[PDB]
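S.K.: Listed here are the chains, written in short residue letters.
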Amino acid sequence: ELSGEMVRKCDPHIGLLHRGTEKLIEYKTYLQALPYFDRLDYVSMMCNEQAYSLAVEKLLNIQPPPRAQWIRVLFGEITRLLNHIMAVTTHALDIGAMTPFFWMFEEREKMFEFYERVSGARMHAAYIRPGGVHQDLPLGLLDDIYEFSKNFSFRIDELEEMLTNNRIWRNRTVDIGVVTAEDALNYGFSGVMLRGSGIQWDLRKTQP
Amino acid sequence: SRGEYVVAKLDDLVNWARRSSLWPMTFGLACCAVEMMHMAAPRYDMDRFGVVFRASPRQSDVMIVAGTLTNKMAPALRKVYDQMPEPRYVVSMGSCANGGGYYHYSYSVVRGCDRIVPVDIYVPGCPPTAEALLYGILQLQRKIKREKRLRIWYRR
Amino acid sequence: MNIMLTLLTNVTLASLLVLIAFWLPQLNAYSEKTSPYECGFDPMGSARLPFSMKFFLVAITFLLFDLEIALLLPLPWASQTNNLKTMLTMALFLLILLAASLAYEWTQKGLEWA
Amino acid sequence: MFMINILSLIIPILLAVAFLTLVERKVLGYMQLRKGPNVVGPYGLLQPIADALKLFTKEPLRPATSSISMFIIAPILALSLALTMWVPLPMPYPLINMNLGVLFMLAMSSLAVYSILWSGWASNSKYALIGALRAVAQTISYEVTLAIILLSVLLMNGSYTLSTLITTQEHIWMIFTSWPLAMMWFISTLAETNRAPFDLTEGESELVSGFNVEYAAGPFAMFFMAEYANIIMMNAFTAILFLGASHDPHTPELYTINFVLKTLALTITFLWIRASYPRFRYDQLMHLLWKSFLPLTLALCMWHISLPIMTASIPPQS
Amino acid sequence: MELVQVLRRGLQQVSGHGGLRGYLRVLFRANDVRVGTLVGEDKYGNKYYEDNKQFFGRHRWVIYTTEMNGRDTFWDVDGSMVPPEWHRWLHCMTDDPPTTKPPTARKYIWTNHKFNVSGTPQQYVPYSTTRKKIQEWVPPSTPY
Amino acid sequence: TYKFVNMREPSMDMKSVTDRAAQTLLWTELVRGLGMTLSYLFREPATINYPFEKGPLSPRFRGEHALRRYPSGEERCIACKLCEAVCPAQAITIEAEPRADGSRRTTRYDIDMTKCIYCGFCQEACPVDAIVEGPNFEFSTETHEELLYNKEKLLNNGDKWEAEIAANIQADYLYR
Amino acid sequence: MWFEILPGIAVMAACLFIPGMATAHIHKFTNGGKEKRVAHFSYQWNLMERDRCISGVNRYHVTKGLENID
Amino acid sequence: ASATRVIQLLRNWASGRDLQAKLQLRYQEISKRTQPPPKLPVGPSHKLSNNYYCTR
Ligand code: SF4
Ligand code: SF4
Ligand code: SF4
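Protein chains in written order, with PDB author numbering: chain C, 106 to 313; chain I, 41 to 196; chain j, 1 to 114; chain r, 1 to 318; chain K, 1 to 144; chain H, 37 to 212; chain S, 1 to 70; chain M, 2 to 57.
Hints listed in this document are in silico derivations from the structure and should not be mistaken for laboratory results. Only true hints are included.
Quick list of simulated restraints, FRET-style, between CB atoms:
id : chain 1 : residue 1 : chain 2 : residue 2 : range
1  : C       : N270      : r       : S313      : 37 to 45 Å
2  : C       : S254      : r       : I257      : 49 to 57 Å
3  : j       : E32       : C       : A192      : 29 to 37 Å
4  : j       : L16       : K       : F28       : 32 to 40 Å
5  : C       : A192      : j       : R48       : 35 to 43 Å
Ideal Cβ placement from N, Cα and C applies to all residues, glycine included.
This is chain C alone, in the form it adopts within the complex:
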């Protein structure tokens, strides 16, 4: 409900992409349900797979092998890089930047290639499963990941150059969407939504 272009009331209508995932999981075995979690958040598939695997392992009272755990943490951080690339670049594109999107999506393609080499699926791999990881890293993947990581910082710096200090970008975002820390906590916000307000909470540190 807009008076002019001012939003008097914003009412989100959802369910346009409700596929009954939770109902379907009940009809599937634990392994069969694993691919569902990849689809829940298309941008961050492996992290959802890891969350499901952790839940199933805790119920199973079984411990993943250490190399499996380190592979999970590594690919989770790669998934975080993908997710944040998508979020920041699509946010800029919606506010009109439209170049960092392509710039960073090239790197997203490279990280997809890492996904494909490990699993054979560029996205939605079933790599992380309860009890560990399906297959060991193909030989040569780690050095390629090193090659990518050594250069990724320059790309992030160029994106900052495009957006961080721009007058227009700062105007579009500097004081929009302010959320109080207490309001953020009560409303159930998590992650950067809480940390942006100044609350110091990251489950990776508080609850590794």
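Assemble the complex: chain C is given as a structure, and chains I, j, r, K, H, S and M with the ligands must be docked to it using the hints.
M.R.: Relative to chain C, chains I, j, r, K, H, S and M with the ligands alone:
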């Protein structure tokens, strides 16, 4: 016949214009949209082929149904397809769009976008790789190249 | 007459283009295709209902400043007078009055919206 | 033979607009680590023609709620006005030499705005109405500062005749004299042409397509052609006003080449800005122009009024 | 200057493709005028080239044949035209070309690769592969 | 453990004030962004010339399903139906009967390429390596029915792609 | 690479160049090999009309010099 | 890359960084597609004695 030759050449020109300039509408439902963006990304840039994403349905020529089509979203998809001017072509991307895929037996999923809107090219995969989507788009371009509207007009 | 001929030629080209666009293509117009566009779902109300203008004051002030734009355009020929002192004084008087008006509206929270 | 001249101005300009679309697509792609259109024709040369053919062979839809008369009139007005504004420009010799060509261009630019407002209102769609209101706000923001900057710069010319700008800048570019006014003028031209970072009327990210959301096929092609032609024409106006060129009366081709190159550079700058910067909020655009550009323009207008007097440099009226 | 060297390289590209006619042919067919080492050519006619200097993803490319399986492919080319043996080399699954490392020879393996046949009379049509489950009674042919 | 983004205070010395004033009036940062875009203009584009150039893929790629054979020519499938059981989307329909030789073979093997999620299961699950997701990804069709594969279609795909499938399995069989 | 952009720019540049050259040469052809006279004030138009009268062919560009005298 | 020295200088100056050192496009630095066969290690439970499943 000279008339047949003129009709064939004009049909060639029209089909070339339509296939060379294919403007998909900015319609992405689900994970398959991400592979579509990667197709728009530099590696497989679709702008080289003349495929430019245009938001307005009336300024678009192709609808790519990327992602699962829920029963809630189906009327909006049909509305967007109808509001799209013709000639209009529909490409169904991903198993979810093609036949329902992982959520085929869900209450809230349409078991294929063919039920709601006519589909020209089906791109298999879940998610289909960006190269697969580009292959499907080029296949649609060849399908347009094979069209014989003016020849049929002359023969009718 | 040259300007009239040029205007006619341009308008005729545009009208011919519109005619060719509305007659060369094939059409299958049906109700759902010609319905209004509301991002897929149907519109709630009309698009002819009132649309509040949060910058009305700025628009009226724009009219009043376009008047000053009109008053200042003769300045290039004014600089050709022999009484350049009076001309300069009056031109700076008008520009300072425009500046004063802008400053007043600004300080009185008139250039802000809503 | 004047009709031949009118066609010579019109037809080549439209082809220039068509190839400008290709140039923009390729320049943005290369600035984005991509290759612009290359498949259709050698190095993508035939892409424009394919786009024009596709649009004009596509069904045009008349919205059920639309006011047909204005809906059709608006694209005609936009294209005709876009073509008309090219007439007074000296390249080097103008097609129509007017004593007050600059005011003519200002009035014609004012008239073109109604095409956007009429299109948006006739569409009878909420997004189109929002785009039309944004266009109204944009004109409110930019018109006064544009006029004041043009007056300040033309005070040195001594007239509103476009042709006399060449003589005034015979020895030096006027950008050296008035580089701040030049900066504000370039931004104001960006605003007038509704180009990024001020692409508010269309505003695809925020408004699905803005005023043209309900336009398809030929009318949309006409709106696009008007937009690009206005971009080129405004950049040419900037080149004439500030980046003057040498004119040898016996050989006009040299001036024409220099002018065309400068205008191409300015249009490329337009595409460059569209690629680089994000989009402004229309409240922010109006605030920028009224609170920042307008006071500096008033001060510089006072300065440019005084300077010819205090430096005994009043330009000749004739 | 390096600019003169670049122009000379462009002329070398013109010569390497067989002259102006070959240069234009390649430019129109594939939109790329690079000249690269010819690793091999399949039976269908597709020629495969390698330029390791070019960055990954462009080091290997294939020039599709003008005629395959009775279809004119001078303008209409498709990815499926690539035979399986060269598919892994082209897609970088392997670093060894089929010529250097031939695939294992099996009788059942097809000898002629078919491209995507959708939209053609050879298109696959689904059908049930199982026989009728329930058999009905056949009425006697005598009146009684 | 925690880092402060923002939380920096600008200097108030005349030089810093003049620098920030120049940035505001002279648009320095926008010019820096423009320079970045120009540098990208002069960098080599990343577009690959598809179809002539194809993107990298690994031997573990999951594409079109295929039914393999033994070197003899006998079909590897032994109608275990465990690969049907593990299918997350129930995209595989299998029926079997003792064949004339007496062997356990599949009378019906159907994979609906429209219900499949290309998970890669039943390649791990199938005990005899019979069913394999091959390298092919460009199997788009103009009709929905073309994507409902049959045992004949799957066996034809296996025969078509066996040369590549065997090499990829050889490459990745030790990792499995 | 970036040079591939240049051909479209060249086509656009030629299209833009056509108008000014066409205008100049058309003016030359219509006005007898000389630039079209600029009449921004009534005096110059009066001069043009007087030249039209003097020429005898009702064309102002036709210039009669000392030869016509005496 | 294959850029001429002039273009390299122009791009580096425009960026403010040495682009040549870190290039987004991938060259011979990437790992070879064909790799030596692996020998994956076995896990803790691969023992012939004292490995009764009740313990683990
Ligand atoms: S087909 Fe697969 S990738 Fe595409 S939307 Fe459905 S689950 Fe996501
Ligand atoms: S491996 Fe494949 S063919 Fe063999 S029994 Fe299992 S599903 Fe059937
Ligand atoms: S790879 Fe295909 S056949 Fe195998 S389980 Fe997944 S969807 Fe079913």
